[PDB]
Every structure is written in structure tokens, then in C-alpha cells.
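Every protein chain except one is present and positioned as in the full complex.
Letters A and B mark the chains in the order given here, with residues in each chain numbered from 1 onward.
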Amino acid sequence: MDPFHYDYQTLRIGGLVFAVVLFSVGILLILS
Amino acid sequence: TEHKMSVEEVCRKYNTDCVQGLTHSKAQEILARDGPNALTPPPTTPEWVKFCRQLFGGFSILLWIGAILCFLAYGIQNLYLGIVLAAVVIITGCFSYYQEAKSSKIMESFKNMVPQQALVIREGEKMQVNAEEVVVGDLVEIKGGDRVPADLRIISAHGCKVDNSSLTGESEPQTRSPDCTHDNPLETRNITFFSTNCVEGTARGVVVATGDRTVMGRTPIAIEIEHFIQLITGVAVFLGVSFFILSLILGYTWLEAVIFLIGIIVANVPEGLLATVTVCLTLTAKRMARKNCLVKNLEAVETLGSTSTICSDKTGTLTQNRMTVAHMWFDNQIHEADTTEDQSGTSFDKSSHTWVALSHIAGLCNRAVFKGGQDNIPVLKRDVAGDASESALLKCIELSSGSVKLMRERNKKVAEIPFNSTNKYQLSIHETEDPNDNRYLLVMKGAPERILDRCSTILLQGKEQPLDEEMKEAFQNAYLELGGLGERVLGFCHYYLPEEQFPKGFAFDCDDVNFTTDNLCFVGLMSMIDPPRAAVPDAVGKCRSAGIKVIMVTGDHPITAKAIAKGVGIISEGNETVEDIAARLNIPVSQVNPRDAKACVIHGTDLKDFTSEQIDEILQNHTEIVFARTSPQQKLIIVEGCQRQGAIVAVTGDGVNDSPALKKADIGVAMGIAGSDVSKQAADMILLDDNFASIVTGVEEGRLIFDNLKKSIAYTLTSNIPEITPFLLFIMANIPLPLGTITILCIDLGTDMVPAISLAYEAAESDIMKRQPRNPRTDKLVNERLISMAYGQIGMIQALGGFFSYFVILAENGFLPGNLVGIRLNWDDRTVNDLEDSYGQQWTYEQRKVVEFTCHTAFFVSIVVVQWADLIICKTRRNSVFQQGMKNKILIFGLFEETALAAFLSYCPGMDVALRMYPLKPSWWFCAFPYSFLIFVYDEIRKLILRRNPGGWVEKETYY
Partner (left out) sequence: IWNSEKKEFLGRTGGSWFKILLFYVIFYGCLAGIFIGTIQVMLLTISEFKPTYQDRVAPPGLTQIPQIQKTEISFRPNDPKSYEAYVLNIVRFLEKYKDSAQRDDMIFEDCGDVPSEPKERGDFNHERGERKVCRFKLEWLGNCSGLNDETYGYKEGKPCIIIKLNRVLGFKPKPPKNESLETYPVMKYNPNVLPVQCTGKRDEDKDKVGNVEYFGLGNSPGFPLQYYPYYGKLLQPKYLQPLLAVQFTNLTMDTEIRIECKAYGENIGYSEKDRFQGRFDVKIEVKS
């Protein structure tokens, strides 16, 4: 409600999940 | 050390029987004791010395010391500089090691890919076995054109000349004799030195020393890349020093200035270009060697992509070299051999003694066996050791005769001269089978027209007939008829030595010929059809479309050479020679205009009297050339004369006498299954199989290397502009710095250096063999078009994408682009803690720095996003991605991994205190998507324009 607090540590979790997904997809692709 | 004394005591010392040799059981018994016959290799590095050589060695120990000093300085109170230095050295060294420990491993495989063989005689049998396990006792055999396996004490020589060229270095071939000549082991004649090639003749010796206890046991592309790297590094150092001084003038506490200098230097130079080039060459060498195409040096890989002429012989290369007899000719009757087991057809009469004389001339000149133990195996499919024409004649005779070895043992030969290409005659003196007339037989073998002039008599239906002028015309007509079918024939004849003129005890001399070899009779000749290889016509077509001029330098008659050329495709349809044109027009060949014929057949005899200008004009004014009945010295003649007009000529050779031609030619191609060791070691390229389609495949690989290298270099160079432009605008326009040094390292030492390897695995384009060969002189790896396309068309769009992202973040946080100009002085001032933004708010220093570092991070992310499309468009430089496909998975792996690294660096907690990288909102990942799409669309359109109209302005000024 207040435009002075952004919900970090939730963006960080999403970014790390996305990076892990990309890394796993690349590793699986090299193994195909 | 045993040449002084006789052979009986040397042979008993090593427990050897001179006639037989060593038993099989004793071979391993002595091998396991003494060990292998090979010189001890120099000691190998423990595989961690080179690691530290590349990390802590060279010009990197200074950077390591600086990083340690910066870390210490941070500890007592700075950290950024230490992290930057440590990252630079660690990543650069590790990458340079990974590409050096791979190329070395691949090149280690070529030592044992082709084996070294020696001809040992053990237990009364000669076998071609690897020369590593040569024991110090067995009896070995050496033949002209081979290299000795170990030190040999000659026991039975046959005029064998051994050229050392390794101790003395003199290329003069020294003859070898079984008798002692000098007490000095270094210049005696009994001893043959180790690792010395045998030029001519054949000698048998007993090995006295193996392994260490022996006499011997006591690229342009890289240069061009290095020059370009040195030039760009000079420019980078100049710019970096200038801007470092300027930053000090502006005032940046001597440590932000060093960071600026490091950022500029890292951004302006490609840090992994040379290792990438080396690994590209090595990977393509392995790919070439996987197919039957082996290269000795890495320079032959750089060449062979600019090949414009192939001078390949006929037999073995353009034909399978497994000849089955088809036709005969005797008594003016063209007979054909029916090879059926049941003897069907009965087209030929066997009872005539002309055929028994034919077997008695063509049955004992051959040196052919069947390894003794063959039962139930048909004579047609029985394996033979020897030549092809030899033992092809035996497959012919054995269907009629019934004794593989009995009849050959019935007589015995007293004279023997090995068949040689230059001498061309095969002679042997045999005792007659007749018990009342035991005369001495004489035999002939070679070119039918070269032997016909040696005969003034000819058998006809049973009895000799005098020299007939019509007989010569009949022989020529029969030769034409048999050669028109793409067949090679052998003309041979026999003569009985007079009984009273030559007493029946005379020794048959070898050097000084005393037997009459000028007035013999003539039995006949037979055909030996050799069909061409299956994949050869396709290879000749591929060469024709690729602008490679194929020249056949054969060694037999012009008619059969022309026939096999026409069958293969060397002489294309609709193209005619001057003699065929004259025959069509019934015109004398003298007055036929030579400009109406583009194919020519050159006889070898006429080639000896042709001058350099005549050879040059013959090569220049013809496109389909064959050289019939030539010798390897003449092969040197064509090889030398064909590169005088800017050609990269690759020639094939297998004999001992072909070595100067192979050395003179740009690419010397030896033979892996039929070539002598001299040619195999004097060449830059070995055909694991003699196919001539493997030559074209190797040429295709050599062409592909250049395309892949150009693509990788262009992709690596593209990302230099967006990493140097932000610093340019940071001082020219006075805006907050949009790119830090760690970010520059991530752009350069990250998404640029490492994914460039993935472009080396790209498949060959559709038109790879449909364009003219590259010019080694006027065409370079790095040219103005590549620099233009990298630094002015793609780099600028990438920089625009990064700057758009930077402006988006700065505007969304308050600082509109209007009042960003000229704010650099107050922005970077630590004493100003109330800087006013566009909306009127006031920021502390560490509150503006967070926004600036987020801008840096999203600049990095936008560079990654645009380099997605930059890597996609660099897959092809002539075709389109939609018609090329995403075949290689290494490229997609690189894309996913660079994006994963980008998304991990920003979002990982605790990375905003070490690398100064901050998380960016999800909306900011799509800032550079329009510019990536623009890059893709622009290159697709440009390549479509290039394909539509070749040779236009786009190709002239943009086709890198």
C-alpha cells in the first residue's frame, strides 16, 4: 500500500528459482 | 659392433637360425625381458606444472601480487580491485588451460592412429607386424621405400641402397653389401643404422640392437590472429592510459582510476581468441581424422581449404585396385575369360598349347601366395599377398591350371629383377619343363606397346610367325578395343634361350644383362578390368562445382587413361580432345585448331622434351587434363608447373620416388594402405583409405574451418563497442557511469569468450562446396568488412539496447533523461548528500549509488539479451537460420548457461556487497528485447538480399 517498501527476498527467491531452472534445462539439453 | 666377424657366430649368439629365424614362443620370452623397441620419450609434465604456468606465470604474477596487496589493504581497514584482479587471472588461466589440455589430448591420439610395420621372418614365414615388438634376435626383411625397424647386420643384400640422412645428413644414398668394408661401425657396410630409410633394393639382415641401446639411442592463421591481437592491445593500452590520466585530472583517488583502466583494457581486447583458434583447428583435425583423412601438422588443416588442383593417380585412388581378368588376345582372336566355377560357355579352347605357353609366361613371374592354409575356399575368393595385376593373373590361370605351387616348384628361376615403374620390365629366367629340351625360358611384362617393339616374332595358332607389319596394326586395333572398355592390359612374351649358344650351366647375371632381351617372340596380352570406386564420381562432381581443377597423372596407356577418365568424370560429357575432334571431322590432327578442344591427353615420353613455357600453356589453355604413362619425376614436373599460376596444388603419391613431388606440392597426400614409409613420412597428409573422395571431404572440412572461425571471431568482436561506449559517454556527456568493471568483465570474460566456442561445432552450410576456393593471399581472416560489421552495425545496436535499459531504470527511479546531462560532477561527489532529482526529491550518496549499480546490472542483462540474437545471427553468414536449423546443442547450452549466470549474479543474496550487483525488477528484463529483435530482423533481411543477387554491393561491402 505504501510506495516506499519493495518486497525483496521474494524477487530474490524467484530469480534464484529461474536461474536454477535455466541451469538444469541446459544440463539436460547437453545430456540429450 | 658385430660387422667385423662372419654371420655364423653372430647368428648363434642370438640363438637365431639364418634360414628360419626365431620361434614364436621365444619372441614373447625375449620381449618381456628386454621390452619394446622404441626410443624413450622425454619425461612428461605432471599435468599441474602447466596449470601454474598459465595461472601464476607470464604477465599474470604481477596481477596476482597486486590482488594480494589489495586484499591485504582491505583487511587492515580496495576489495573491488582485488576481486577484479583475481577473477581476471583465474578465469583467463582456467579457460586457456581447458582449451590447451583438450587440443594436446586430441593430438596425442595421432601417434598411434597409423601403425609402423616391419617385415620379420619367424618360423619360416614373413608377417607384417607392428615394429614396436621387434626382438633383438629375429630375422627381418626390408624393401626399397621402407624404413628399417632397428639396427641391422646385413646377411643377404640384393643391391639395396640405404640413405641415412640422420647421422651424416648427406642425402647421397649409400649402397649396402653383406661383406665387410670398414672396421668402423659408423661407416661399415654390414650395419644398417636405425631409423634410416631404404631407398632402393631389398636386403635381409639380423637385428643386433633394439630400442634405447641403438646408435640413435645414444600456422598463418595463428600469426594473423596474433598480429591483430597485438594491434588491438596497443590501441587499448593507448586509450586506457589516456582516459586514466583524464580521470586523474577529474580526480578519482587513484584507485577508481586503476579500475577504469582495467575495465577499458578488458573491454577493448578479446581475451580468449588465440585459444579458441587453436581449439577450432584441433577439433576440426579430429573431425577430419575420424573420416579416413589424417593430417600430420596443423598447417595442413589451415591449408586444404584453399586447394585448387588435385593431381591424383589412377589405380588405388580412382579405382578399387582389385582387378579381375576379363579379356585375352592371342592368335588374332579377342578372347574373354569366363570366371564361372562350373566352366560355362566354353567360349575358349583350352587344349591349344598356345594357352599352356600363356600360363607358362604369365604364371611364374608373379610373386603370389595364399598363406598356405586355405581349404574349401574357392580360388577366386582366396586371399593373396602381392600386387593387383600380379595375382590377378593368378586368379586367371588357376581356373585353368590345377597347381598353385606345384608347377612353380617344378621349375625354378635363376634371374630376377623386381618390377620398377621407370624400368617397366619384369624379367626372370626359368628352366624348361620339357625333359628333352631343358632350355632357359625368358619372360616379359609391362606396357604392351613398350614390349611390342622388343619382339620380331609372334606365335600364331601353334607356331612362331615372323614380324608382320599388319600384325602391328592388328595389335594396335586390339589395344584400342580393349582400352575403350575402361580396361588395363598387360603385354607379355616368352623366348627360349638357345641350348648350344648358351651352355646349360651359365650364371645369369643381374647388373650386366647378357641374355638377349631385344629379339624375343610375342605370346599375347590380357585385360584386367578395374572398376572405379563407388563414391568417386560424386567427389569429382563436387570438385567440378567447387572450382577445383582435377588432373589425373597416371602411368599407363593414353587410351585406357582416357577411358577411365571418361567413366569417372574427369573428362566431362560434351568435351572432346583434339584427336577425337579430328576423327569426327576426318581431318589431319596437325591442322586441327587447338582452341576448339578443352581436354587433352599428354604422353609421358613427349613430356620429357617439353619446356616450361609449353607446360604452362598446356595447363593454362586446358581445363580437363590427364598425363598418361608418366614417372614420378614427371609428377614433380607437373606439380611444380601447376602452382606457377597461383594454385594450391595437392598431389598424391605412394612410391619412394614420389617424395620430391610431395615435398614440392602444397599438400602432399600419402596412402595409408598402399604407400611406402618414405612417402608416408614425407607428406603432410595421409589417406587412411585411398579413395579420392576422402580428399574432397578433407577439402570440405578445410573450407568449413574458415567459415566457423570467421563466425566465432565476428561474434567475439561484436561486444567490444557496448563495453567501451559507456565510458566514452561518462566523460563526453557527463552522465552517471552506466557500466562498471565487474560488469565489463562479465560481458567480456563471460558471454563473449566462452560461448564463442559453441560456434566451432556448426554444420557446413548448403553452398559450402558451391563457391570458388579462397585466395590465401588477397583474402584474410580479419578484414575491413568484419571490423565494419562488428564495430559499426551490431555493436552499435547492442550499445543502444544497454543504454535504453540504463535510461529506463534511471527514469523510473526519478531521474528523467532530460536533466541527467551534466550531473556527473555532483553525482559522484561524496560530500553531496542532498542531490535533487527530477521530481524534487533529495538523495544521499549511497542512495544514488544503489540505483547506479542496478543500472550497471541491467546493462549487463541487456547485453546478454541482445547477444542472444547476436549469437543466433552468427550461425550463418550466407544462408538463413530458418533454412539452417538449430542443429548443434552446444550453442543452445551456451545460451541457457549465459542467461543462468546473468540471472544468478543479480538475484543471489550477498552479491550486492562483493560485485556491486543488485536485483532488478522483472519488468526490466524486457528492455533490450526490441533491439535483439531488430538485430535478428536486420541480419535476416541483409542475408536475404545477399542471397538474391550475388556479387552486388551488399556482398562487396558487407559480406565478411
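The criterion applied here is as follows: contacts are C-beta pairs under 8 Å (C-beta built on N, C-alpha and C of every residue); 3 or more make two chains touch, one makes a residue touch a chain.
Q: Hey, which of B:461, B:847, B:883 or B:949 is the one touching the hidden chain?
A: B:847
Q: Decide which residue listed in B:278, B:676 or B:813 touches the omitted chain of the complex.
A: Candidates B:278, B:676 or B:813; residue touching the omitted chain: B:813.
Q: From the list B:729, B:797, B:891 or B:915, which touches the chain that is not on show?
A: B:797
Q: Which parts of subunit B face the unshown chain closely enough to count as touching?
A: Here the touching residues of subunit B are 792-793, 796-797, 800, 803-804, 807-808, 811-814, 816-817, 831-834, 837-847, 850-851, 921, 930, 934, 953, 957.
Q: For subunit A, which residues lie in contact with the unshown chain of the complex?
A: 3-6
In this section, only the chains that are shown with their structure count from here on.
Q: So how far apart, in whole Å, are subunit A and subunit B when each is placed at the average of its C-alpha atoms?
A: The answer is 48 Å.
Q: Residues of subunit B touching subunit A in their complex?
A: Residues 889-890, 892-893, 896-897, 899-900, 903-904, 906-909, 919, 921-922 of subunit B touch subunit A in their complex.
Q: Would you pull the subunit A residues touching subunit B in the complex into a rising list?
A: 8-9, 11-12, 14-16, 18-19, 22-23, 25-26, 29-30, 32
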